[PDB]
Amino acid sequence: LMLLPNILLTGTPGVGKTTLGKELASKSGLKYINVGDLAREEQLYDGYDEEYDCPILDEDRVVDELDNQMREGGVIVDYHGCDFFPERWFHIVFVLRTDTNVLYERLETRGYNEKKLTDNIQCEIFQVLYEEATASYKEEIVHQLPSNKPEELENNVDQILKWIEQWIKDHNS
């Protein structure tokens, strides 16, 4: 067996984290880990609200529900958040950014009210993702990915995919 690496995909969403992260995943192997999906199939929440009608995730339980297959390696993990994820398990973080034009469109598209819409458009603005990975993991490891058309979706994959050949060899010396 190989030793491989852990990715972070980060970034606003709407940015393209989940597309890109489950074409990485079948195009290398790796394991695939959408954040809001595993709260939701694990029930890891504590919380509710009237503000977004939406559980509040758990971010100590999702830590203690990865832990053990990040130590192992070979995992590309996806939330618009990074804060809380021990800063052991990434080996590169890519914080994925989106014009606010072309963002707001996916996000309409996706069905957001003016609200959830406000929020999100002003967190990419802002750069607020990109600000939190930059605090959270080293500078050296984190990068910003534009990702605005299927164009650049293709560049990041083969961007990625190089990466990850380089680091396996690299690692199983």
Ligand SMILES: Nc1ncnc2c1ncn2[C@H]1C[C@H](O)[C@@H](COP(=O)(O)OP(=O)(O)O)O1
Contents of the next structure:
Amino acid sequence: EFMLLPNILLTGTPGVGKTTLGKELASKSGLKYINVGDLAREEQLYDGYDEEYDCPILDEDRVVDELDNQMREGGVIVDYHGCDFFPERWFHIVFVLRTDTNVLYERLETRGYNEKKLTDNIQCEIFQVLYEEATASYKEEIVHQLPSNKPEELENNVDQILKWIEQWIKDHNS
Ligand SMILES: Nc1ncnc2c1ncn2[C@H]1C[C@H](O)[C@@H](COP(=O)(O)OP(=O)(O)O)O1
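What would the structure be for the form solved in complex with the named molecule, given that what you showed me was the form deposited without the named molecule?
Let us now look at the entire complex, which starts with that chain.
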């Protein structure tokens, strides 16, 4: 198997559907799915603790070092609720999943988030923080917002991205 394969970033507020989409994409394309939070947990890539948010702080440099070789080889779908620290060269396309605030709140409430965590996350979405972070970090032409409210939308997202992957592979393996 000697094909050039693309790298895809799935970003957006926690709860929007990144993991659901990334896992389905991996199963249906054979690309490797990487959950950055899970990777950080497995490889213990943390430095410091945030007092106000009550969470260990992701060690961004170590995450980058951990992933770099694999990213260089291509064919990776990366899922994280942040994107400014990734090398720009990693990604061929970046999707920012978006979820209506009312819908997102019900999802995050079901997760058992307390009030402070619910509020911070919900404001993150309503202020469009990750969308702005993606646009600030990557070329406008490769950043796309995806609706992620209903199963029908997940289905459309899977379909559109699978079609994009197929076209990209053709274009970069002449
Ligand atoms: N497009 C969609 N329509 C309806 N429910 C969705 C959806 N995408 C995800 N979900 C559900 C699955 C989970 O119960 C919840 C959060 O999904 P997720 O994949 O864990 O989000 P994230 O990885 O962005 O935090 O929403």
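Positions refer to the first chain, counted from 1. In this text, the rigid core denotes the largest set of C-alpha atoms whose superposition between the two forms falls within 1.5 Å.
Moved residue between the two forms - picked from 140, 60, 114, 49, where its Cα shifts 2 angstroms or more relative to the rigid core: The residue that shifts is 49.
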